[PDB]
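Given these sequences and hints, build the entire structure.
Given next are the chains, with one letter for each unit.
Number of protein chains: 2
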Amino acid sequence: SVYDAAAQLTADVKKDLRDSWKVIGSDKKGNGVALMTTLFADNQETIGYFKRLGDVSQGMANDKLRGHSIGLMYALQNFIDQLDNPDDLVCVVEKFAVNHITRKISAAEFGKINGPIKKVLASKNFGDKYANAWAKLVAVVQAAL
Amino acid sequence: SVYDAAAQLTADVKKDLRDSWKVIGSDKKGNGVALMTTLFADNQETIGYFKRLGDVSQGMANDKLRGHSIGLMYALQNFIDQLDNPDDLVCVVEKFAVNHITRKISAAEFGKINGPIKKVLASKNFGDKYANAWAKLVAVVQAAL
Ligand code: HEM
Ligand code: HEM
Numbered sequence: 002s003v004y005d006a007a008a009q010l011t012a013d014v015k016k017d018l019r020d021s022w023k024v025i026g027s028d029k030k031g032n033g034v035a036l037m038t039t040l041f042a043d044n045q046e047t048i049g050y051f052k053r054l055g056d057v058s059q060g061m062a063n064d065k066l067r068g069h070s071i072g073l074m075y076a077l078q079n080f081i082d083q084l085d086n087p088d089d090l091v092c093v094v095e096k097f098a099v100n101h102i103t104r105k106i107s108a109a110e111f112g113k114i115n116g117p118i119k120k121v122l123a124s125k126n127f128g129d130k131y132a133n134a135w136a137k138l139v140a141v142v143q144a145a146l
Numbered sequence: 002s003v004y005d006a007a008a009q010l011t012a013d014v015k016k017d018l019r020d021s022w023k024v025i026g027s028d029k030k031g032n033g034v035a036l037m038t039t040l041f042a043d044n045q046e047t048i049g050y051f052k053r054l055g056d057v058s059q060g061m062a063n064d065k066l067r068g069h070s071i072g073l074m075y076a077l078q079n080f081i082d083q084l085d086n087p088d089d090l091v092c093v094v095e096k097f098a099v100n101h102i103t104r105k106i107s108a109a110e111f112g113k114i115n116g117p118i119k120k121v122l123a124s125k126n127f128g129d130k131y132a133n134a135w136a137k138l139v140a141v142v143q144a145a146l
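Here the protein sequences line up with chains B and A, keeping their order.
Take the position in the first sequence, starting the count at 1, then add 1; the result is the number in the deposited numbering.
Take the position in the second sequence, starting the count at 1, then add 1; the result is the number in the deposited numbering.
Incorrect hints may have been included.
No copy is singled out in the list; a pair is fine if it fits within one copy or between any two copies.
Claimed, not checked - Mimicking DMTMM-like on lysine to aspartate or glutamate, the simulated pairs with C-alpha atoms at most 20 Å apart in a straight line are:
(1) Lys-113 <-> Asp-88
(2) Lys-23 <-> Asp-82
(3) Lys-137 <-> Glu-95
(4) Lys-65 <-> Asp-17
(5) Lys-30 <-> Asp-82
(6) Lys-65 <-> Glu-95
(7) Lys-105 <-> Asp-28
(8) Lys-23 <-> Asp-56
(9) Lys-113 <-> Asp-129
(10) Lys-130 <-> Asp-20
(11) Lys-65 <-> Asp-5
In short, the hints are calculated from the structure, not lab data.
Shown next, in the form of structure tokens:
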């Protein structure tokens with residue numbers, strides 16, 4: 002269950018998540034747009050799902066993409082702040098899961114975000130250990146998809 | 002015009018928003034649910050829009066309502082964090098505006114949140130001065146609906 006996935010996040014994993022978020026989460030506009038643009042560059046097949054945002058190749062200049070990207074970073078902020086209470090983490094994860102279930106986004110497709118996250122982390126010198134920690138958090142969401 | 006509305010957030014207003022947010026934003030789960038339950042109690046006619054959340058009278062016990070409520074508080078956190086840059090404030094406001102336009106929520110009905118905000122603020126010893134400051138921020142979202 003989603004609870005099982007959340008309940009399994011260990012102290013060391015939460016530590017790595019918080020330490021890396023202190024940095025990547027400090028510039029939500031910049032890193033949020035970077036995450037989205039990287040997803041579009043490496044997984045062009047996903048561009049079609051974001052038609053509401055218009056021309057995503059416009060990057061930072063695209064106000065709709067900018068607003069969406071900042072919002073995405075606050076969903077992550079939410080997750081990070083709820084790490085110590087699985088009950089709360091689960092209810093927020095299920096909420097955002099619905100936002101994607103309605104768009105027909107499968108657990109496998111949601112996992113495509115791992116590549117971009119790994120790259121953004123690396124740009125700030127956070128290695129594989131950190132990317133693995135984030136993959137575990139993403140897996141919590143996948144448990145609800 | 003959302004841009005003219007955003008221009009109404011003067012130095013004094015921004016200060017009052019930040020000062021009060023430091024207090025109300027410290028307990029997103031508690032105050033978020035308080036905001037929603039107050040809305041449903043004072044404006045019963047809005048409950049119909051929240052069909053997906055199930056029995057909202059259950060309050061904190063309702064997992065869907067708690068998840069929704071926490072999310073709402075992070076939307077407000079987002080707004081507060083963008084007060085420095087009007088261009089970014091507008092793009093995030095328009096993003097959440099879409100979320101409500103799709104639910105057929107008008108500017109007038111969105112404004113029904115002012116009562117709840119004033120009540121929650123009052124319970125924390127923040128009077129009309131602060132309630133009026135928040136009404137100006139809510140007005141920016143209303144201009145986009
Ligand atoms: C770290 C992972 C991710 C997070 C935290 C996240 C968060 C969000 C948030 C907060 C929204 C806005 C929900 C709404 O207002 O309706 C959203 C929308 C959306 N997400 Fe994600 N998302 C993630 C990964 C993905 C991935 C990998 C895909 C695609 C393969 C995806 C596809 C979508 C789509 C299509 C929308 C709708 C955009 C629109 O039309 O406005 N998301 N996401
Ligand atoms: C401070 C004011 C408010 C903020 C910041 C706010 C924020 C939000 C957020 C972030 C969502 C989730 C969007 C999504 O995932 O689709 C949401 C959903 C919603 N909001 Fe608001 N909202 C506010 C006031 C209101 C008011 C006053 C009404 C109704 C009179 C309203 C009606 C709705 C409805 C119907 C939903 C959909 C809930 C669901 O089915 O999940 N909102 N709101």
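Right, here's what the structure says about each hint:
no.: 1; hint: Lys-113 <-> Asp-88; in the structure: neither (26 Å within a copy, 30 Å between copies)
no.: 2; hint: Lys-23 <-> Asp-82; in the structure: both (11 Å within a copy, 16 Å between copies)
no.: 3; hint: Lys-137 <-> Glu-95; in the structure: within (16 Å within a copy, 32 Å between copies)
no.: 4; hint: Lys-65 <-> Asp-17; in the structure: neither (31 Å within a copy, 29 Å between copies)
no.: 5; hint: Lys-30 <-> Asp-82; in the structure: both (19 Å within a copy, 11 Å between copies)
no.: 6; hint: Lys-65 <-> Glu-95; in the structure: between (24 Å within a copy, 8 Å between copies)
no.: 7; hint: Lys-105 <-> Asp-28; in the structure: neither (29 Å within a copy, 33 Å between copies)
no.: 8; hint: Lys-23 <-> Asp-56; in the structure: neither (31 Å within a copy, 37 Å between copies)
no.: 9; hint: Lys-113 <-> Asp-129; in the structure: within (16 Å within a copy, 48 Å between copies)
no.: 10; hint: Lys-130 <-> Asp-20; in the structure: within (12 Å within a copy, 38 Å between copies)
no.: 11; hint: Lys-65 <-> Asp-5; in the structure: between (36 Å within a copy, 18 Å between copies)
In this structure, the hints that do not hold are numbers 1, 4, 7, 8, in rising order.
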